[PDB]
Amino acid sequence: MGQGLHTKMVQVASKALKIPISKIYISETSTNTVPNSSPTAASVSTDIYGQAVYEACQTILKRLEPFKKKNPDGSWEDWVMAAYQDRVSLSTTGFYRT
Amino acid sequence: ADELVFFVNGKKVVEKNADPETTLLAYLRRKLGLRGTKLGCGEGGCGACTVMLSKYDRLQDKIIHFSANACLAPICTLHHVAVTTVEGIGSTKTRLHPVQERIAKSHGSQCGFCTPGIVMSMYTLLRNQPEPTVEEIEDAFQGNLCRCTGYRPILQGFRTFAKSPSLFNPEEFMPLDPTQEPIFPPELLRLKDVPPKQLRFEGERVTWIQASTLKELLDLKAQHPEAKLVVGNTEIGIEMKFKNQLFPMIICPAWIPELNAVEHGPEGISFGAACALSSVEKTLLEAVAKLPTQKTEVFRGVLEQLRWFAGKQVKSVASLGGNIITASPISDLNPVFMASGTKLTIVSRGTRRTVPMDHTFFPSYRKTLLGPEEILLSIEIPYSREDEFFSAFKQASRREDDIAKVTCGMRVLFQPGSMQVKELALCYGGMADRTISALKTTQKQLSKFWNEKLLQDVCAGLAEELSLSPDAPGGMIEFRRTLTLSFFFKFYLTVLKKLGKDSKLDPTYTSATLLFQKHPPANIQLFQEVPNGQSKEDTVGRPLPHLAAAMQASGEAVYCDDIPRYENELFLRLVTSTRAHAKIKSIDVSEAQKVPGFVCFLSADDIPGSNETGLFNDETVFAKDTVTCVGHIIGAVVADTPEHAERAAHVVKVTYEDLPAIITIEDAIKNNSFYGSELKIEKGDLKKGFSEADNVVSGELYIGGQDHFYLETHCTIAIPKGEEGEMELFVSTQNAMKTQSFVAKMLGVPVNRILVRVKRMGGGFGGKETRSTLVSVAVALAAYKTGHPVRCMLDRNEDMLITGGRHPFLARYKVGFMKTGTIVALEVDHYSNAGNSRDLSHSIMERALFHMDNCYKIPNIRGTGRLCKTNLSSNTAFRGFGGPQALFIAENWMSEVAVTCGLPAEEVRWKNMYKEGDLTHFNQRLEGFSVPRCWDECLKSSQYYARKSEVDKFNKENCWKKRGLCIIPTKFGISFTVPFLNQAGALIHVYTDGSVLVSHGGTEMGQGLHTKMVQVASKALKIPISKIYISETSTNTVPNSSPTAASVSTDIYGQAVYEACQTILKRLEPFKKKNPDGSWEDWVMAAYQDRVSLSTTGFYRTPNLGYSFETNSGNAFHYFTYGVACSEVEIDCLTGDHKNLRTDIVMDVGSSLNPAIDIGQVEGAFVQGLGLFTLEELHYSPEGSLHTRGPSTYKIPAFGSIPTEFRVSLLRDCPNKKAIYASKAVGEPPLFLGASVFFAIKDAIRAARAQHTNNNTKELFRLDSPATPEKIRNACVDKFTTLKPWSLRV
Amino acid sequence: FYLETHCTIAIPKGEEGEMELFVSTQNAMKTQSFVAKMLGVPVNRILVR
Amino acid sequence: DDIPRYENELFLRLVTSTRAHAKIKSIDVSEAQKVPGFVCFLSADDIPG
Ligand SMILES: Cc1cc2nc3c(=O)[nH]c(=O)nc-3n(C[C@H](O)[C@H](O)[C@H](O)COP(=O)(O)OP(=O)(O)OC[C@H]3O[C@@H](n4cnc5c(N)ncnc54)[C@H](O)[C@@H]3O)c2cc1C
Ligand SMILES: Nc1nc2c(c(=O)[nH]1)N[C@H]1C(S)=C(S)[C@@H](COP(=O)(O)O)O[C@H]1N2
Ligand SMILES: Cc1nc(-c2ccc(OCC(C)C)c(C#N)c2)sc1C(=O)O
Ligand code: MOS
Ligand code: MOS
Ligand code: FES
Ligand code: FES
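Protein chains in written order, with the UniProt record's numbering: chain F, 1038 to 1135; chain H, 3 to 165, 192 to 531, 537 to 1316, 1326 to 1332; chain B, 742 to 790; chain G, 594 to 642.
Note that these hints are calculated values from the structure, not bench results.
Be careful, since some hints might not be right.
Restricting the straight-line Cα-Cα distance to at most 27 Å, the calculated cross-link-like pairs of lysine-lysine (BS3-like) are [stated by the list, open to error]:
id, chain 1, residue 1, chain 2, residue 2
1, H, 450, H, 468
2, H, 890, H, 716
3, H, 818, H, 627
4, H, 1060, B, 771
5, G, 618, H, 13
6, B, 778, H, 1055
7, F, 1055, H, 778
8, H, 569, H, 1251
9, F, 1045, H, 13
10, H, 616, H, 778
11, H, 95, B, 771
12, H, 33, B, 771
13, H, 243, H, 14
14, H, 778, F, 1060
15, H, 14, G, 627
16, F, 1045, B, 754
17, H, 95, H, 1060
18, B, 754, H, 13
19, H, 165, H, 627
Here are some, though not all, of the chain F residues that point toward chain H, as calculated from beta-carbon distances under 7 Å [what the hints assert, rightly or not]:
id, residue
20, 1072
21, 1088
22, 1124
23, 1130
24, 1134
Here a beta-carbon is modelled for each residue, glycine too, at the ideal position from N, C-alpha and C.
Whenever a hint applies, use it, and build me the whole structure from the sequences.
What follows is the structure, encoded as structure tokens:
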């Protein structure tokens, strides 16, 4: 709504994943991607969504590890592709409870 | 004038600016927002646009109801007519109509795109006859095509309007109450009083003048000679849409009573030139029933023609006059009218003459002897005199609704009570550029007697008088000529029978003096019941109908183009190559830009990203520099309407400079034009193998390609957002992932910026596994460049020319074997015509090689494959994916081994069959090999042995008709041959009300994936299915998904969903425990409150996969689906036509998740199979231009094409531990089983050849696929197919 | 006094009571269940973006 | 509202109370129906849920 939530969330994911923000994008908010959400209020949205995003990024980094190891000098793109090929899921959820 | 007034579903429409070029289909969809009526061809052949028309007829003083194809109906012909669409008889939002209810509950709907039109065809019937007969119920669908169901279910369900567990209960069907049928529009009925006045309409380019009286018609024609008349528009509509014709001024005489008058005079019955064929048919039938047989000889002739003339929709609008004057070289009526000198009453202001039709009426191509100010007023089909006999024959590719190869009308008149010819006329269609009479040949017979010698002379006469030059248009020179002699032979034999009185002929001949006959259908379906004590809520294993059947049967189901259009949405029409290979030297759009509504012309230059697309980056988005096949996309036009983009696109001038083209597999081999290097699988010792083989056979076989013909053609809607290169696309595709990255590559933006959503496809079958991106990416560029959302749905012909199809195969084999029939060695070399692109062509070849063994153990084997790089649209995947081709070649040489050995085929096959534990040629254990059980059970329930006797008895007692009986098995490798594609994701959310929303990477196309997935989640979660819902497939809910293909979608997505459900059940446990007596809703809410996430992902990776052609090792498939089919046919060795009498299938689906979906899948794949092997055939000009581009020239199986007795069975007690809930993929496996029809036909051809040809019990004749009536007839060599150098050789 | 006042776009699909809504709101969840309660269809049938 | 509009997209204008507290004794739409483009008037009665 102008508070810069999506900007902050991109910044968090970029630090979390350790990739430029340019490779990250947030298009919108929808009930079919993340259900039963609390209203964007109480000023905690950054605190709580950022933690949820963060967690997601971790699952991702964990899944991609075996590949980063097998190819230390590789790029982010190399590892992602390698994970796709090895039929490793590149989609996860993140959640947080204060 | 000016005001067009009609009703649609009770509501009155007043169009103040009717444009003569507007069809009802477009009006209903664009202007009236009623998308229930679909567009499937626009030629009147599929019936997906079927609607009911009701009007008050004066002359009968009664309301009439008839079906009609909305795509050919000009709205200007509908003044004061009440239209009824699918949505006008019921809906899920209110209550379905018995017709819509039954088809849905009977599993008569799969992708459901054809369902609306079929619902209306059955509706019109019931609206005319509330209690139809099984025969009228079938004849109702001759203008309707379904590509999914195999037709059996549609007919079994509707059979209830007529007069072990089962797939449906007819006792729960709601009875049809006509007293509740929507009444005829009262207002519309009051207008019947007012005297018809002359109307006038003015569209963008055409002027329509609806005449109300004969006087006005004659005056109009006087003032405007060039003006074309239109009644049914089933001819003019085609010329305008397809032939690029513009008739600026049209006159519709339809209203004029004298053009609709029916009179029964002493010479015969007269019909006004506007009378619809259906009316003529009705009149004639009653005339035949009331008058003595001797007076109805010519009547019965017309009836036999009208019998296989289009369908109900076309015959209800097509006018008698319209057929005659169009003067089509292949008219089915003109030939009959000429042979009988039917009286034609021609008029014009002042003048009026009556002349009998004869050869002089058709001067030249499509021309007649009418004056530019003349109009045909009436036709008098003649009564039949004593000693006068008539006959009428027609032969095409498919019996139901088809353009004739050769059609005729034959008449003879003898001297009183004698056998001496007085008058003799033989008139044919399909032999010249106009209907002709074989006058020369018939002259020499006048005064001669009806005898064996006359028969001989005539055939010699016909053979000389109606010769065809090799360059004959339409080709099929031999077959066509043979048909004229064969037709006469039937006429000859029939007349003898008729000269036999009764109050004769050889015993084995009368069969050749009989018109087509439909025996009563008998179908049985048997599957296994679910465990006696299974929750009524655990739907897995029960025959639960397709969750969308009802909405598809009501027109509420939404397909891509059904999606409403934005106020600023633009339309795109692709501009394609007309040369098979050449340089693009210039593109001119001067003409296009002049068309109203033209926005812009897109070409390679406009692409912001890269023009390099395709699965292997060997394709272009838009052609640059050179075109490499006819139909190759060069650019596209965007305009404010579909019509404008189409017209504008048609005048874009491309100037080419031709290049050496490589069209066929031959030239491909000749010029060494391939893609990559040879593929191969070799096992054992060939040299050593043949060396030990008693007999050895070599050959060459060919299998034609195939068009998917999904009812909904390719379609894409692109919505440019405006920010960050964001774009949302609604596409009819089975590969959202590739659509996503291909669109992104073209635009040059990260993949995360593009969203692709797939509700459902009105059919895919592999045609949409990748080739859908051809349309998607083009629409995306238009969206990108214009800023407005853009859409495009291909027309049937564009779809057929561009999207690519099944791979045509060419095989060169050689098999060694022992007298016993045991195969010892094998060598098959496959060649597939790949098209101007790699695409999937390569993996298809591999699947082929993995199946060249079918169900047989071959110790020494070697198979190779090459991909022929040609200048034809790139071919792609097609239900079977290379498997069907390989299995066919396998069964061909196998059939030859049986003949050569002189042993029964089942025996040769059974002894050569794999055994539990054996290794394939690619070394993989066949665990749970059930072909044996399928084989035994099929042989037994089909009564194969008892019937084989029956077959031979028939062959003995029949001379011009034979019967074939064959039994084929099959095994299909389950899994993608690319290991990394065997992965699947799923996202499941449970909302606070307890309702669940599932999303997986799989898409729906009619196979019932979403239904099966709901069933799985309902069993998994242990809640009713009602609380679960799947809305669609989208790239933002489940990323990087493999295409919905390889038949594993249920296996893999169901596992992914299942996993998700588990995570959910695990999270909810603590709460179920804290509150055991609680409901699902209680626990969910409790979990929400305790801040426990109700959203998780699911994923699956198929274990132990990875075969290497390098070491012929490693599993290639997770398991195999097996099945056996037994078919029996009867061919007419004189025409080439045949009928499938009975087929018996036993499939091993393991423990079925849904026996209704699986069986509908078996029957459906089976029919597309018999289609590939015996009916569907594409033709191209030598230079690479496709000829067959519509249902009119490409005949897929029709309602009347399925085995009269269709029995399907799912193997009991055989759970498959390898896949979810013990089920097995059922998608592709059964399609090859349609080959049993092919080999059943070949079996019949042998009987024929043994009758009039060779005397070699072990002769091996080549019969390629498809076994068309042309191939069948030509293989039935006889004195007909059979019947001058200076010096010889000797 | 937000510069953009309240705004909502509802798109009825035609099947199973499905509806997609484009709303200017900070509570998609409540928009979702409230819309569903009014229509009387499961919450899974309504999409809010 | 910046989102493009569908060719058949209709517009809604809320009809509100002008009294701080009272009984609704009657609603007349005779005048409304006469306005060009009027489609319909929605009230509590139409709600399905
Ligand atoms: C799916 C499909 C299947 C078909 N199957 C067959 C088939 O099996 N056998 C076959 O023969 N045909 C077939 N046809 C062709 C078709 O039936 C005819 O061309 C139709 O009979 C013509 O009538 P109409 O009223 O539609 O004609 P229209 O489209 O109006 O066209 C008639 C033409 O005849 C002229 N004309 C019409 N009435 C008169 C009159 N009273 N006086 C003077 N000139 C006149 C018009 O000017 C025009 O050139 C098929 C068409 C479709 C679309
Ligand atoms: N009615 C219908 N059935 C169909 C299709 C289709 O497009 N329509 N696609 C076929 C093809 S080509 C395949 S690979 C499978 C895929 O089935 P699945 O999605 O359950 O794996 O369904 C088959 N059955
Ligand atoms: C039906 C079927 N499809 C297959 C396949 C093979 C390669 C592909 O893409 C290759 C690219 C990513 C390099 C895609 C896609 N998309 C699909 S294998 C197969 C089977 O049946 O084995
Ligand atoms: O006031 Mo902000 O929490 S909505
Ligand atoms: O032929 Mo189906 O895999 S697409
Ligand atoms: S679209 Fe009209 S018959 Fe196919
Ligand atoms: S269900 Fe009939 S064409 Fe798909």
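We went through each hint and held it up to the structure:
Annotation: proposed proximity of residue 450/H to residue 468/H holds, straight-line Cα distance about 15 Å (limit 27 Å). Of the supplied pair hints, the one linking residue 890/H and residue 716/H holds, its CA atoms being roughly 11 Å apart against a limit of 27 Å. About 20 Å separates the Cα atoms of residue 818/H and residue 627/H, which keeps this hinted pair within 27 Å; it holds. Of the supplied pair hints, the one linking residue 1060/H and residue 771/B holds, its CA atoms being roughly 20 Å apart against a limit of 27 Å.
Distance restraint check for residue 618/G and residue 13/H: the Cα-Cα separation of roughly 34 Å exceeds the 27 Å cut-off, and the hinted pair is therefore not satisfied. Among the hinted pairs, residue 778/B with residue 1055/H is consistent with the structure: their alpha-carbon atoms are about 25 Å apart, no more than 27 Å. The hinted pair formed by residue 1055/F and residue 778/H meets the criterion: a straight-line CA distance of about 25 Å does not exceed 27 Å. Note on residue 569/H and residue 1251/H: the hinted pairing holds, with a Cα-Cα distance of about 26 Å set against a maximum of 27 Å.
With a CA separation close to 55 Å, the supplied pair residue 1045/F and residue 13/H exceeds the 27 Å bound. Pair hint residue 616/H plus residue 778/H holds up; C-alpha atoms about 26 Å apart against a cutoff of 27 Å. The suggested pairing of residue 95/H with residue 771/B holds, with an alpha-carbon distance near 26 Å, which does not exceed 27 Å. Distance restraint check for residue 33/H and residue 771/B: the Cα-Cα separation of roughly 36 Å exceeds the 27 Å cut-off, and the hinted pair is therefore not satisfied.
Annotation: proposed proximity of residue 243/H to residue 14/H is violated, straight-line Cα distance about 31 Å (limit 27 Å). About 15 Å separates the Cα atoms of residue 778/H and residue 1060/F, which keeps this hinted pair within 27 Å; it holds. With a C-alpha separation of about 20 Å, the suggested pair residue 14/H and residue 627/G falls inside the 27 Å cut-off, and the hint holds. Restraint check for residue 1045/F and residue 754/B: the C-alpha separation of about 35 Å exceeds 27 Å, so the hint is violated.
Simply put, residue 95/H and residue 1060/H have alpha-carbon atoms about 19 Å apart, close enough for the 27 Å limit, and the pair holds. The suggested pairing of residue 754/B with residue 13/H holds, with an alpha-carbon distance near 23 Å, which does not exceed 27 Å. Among the hinted pairs, residue 165/H with residue 627/H is inconsistent with the structure: their alpha-carbon atoms are about 60 Å apart, more than 27 Å. Given hint, residue 1072/F at the interface with chain H, holds; its Cβ is 4 Å from that chain's nearest Cβ, closer than 7 Å.
About 13 Å separates the beta-carbon of residue 1088/F from the nearest beta-carbon of chain H, more than 7 Å, and the hint is not met. Taken as an interface hint, residue 1124/F checks out: its beta carbon lies about 4 Å from the nearest beta carbon of chain H, inside 7 Å. For the restraint placing residue 1130/F at the interface with chain H, the shortest Cβ-Cβ distance is roughly 6 Å, inside the 7 Å limit, so the hint holds. The beta carbon of residue 1134/F comes within 4 Å of a beta carbon in chain H, closer than 7 Å, and the hint placing it at the interface holds.
Checked against the numbered hints above, the structure breaks hints 5, 9, 12, 13, 16, 19, 21 and satisfies the rest.
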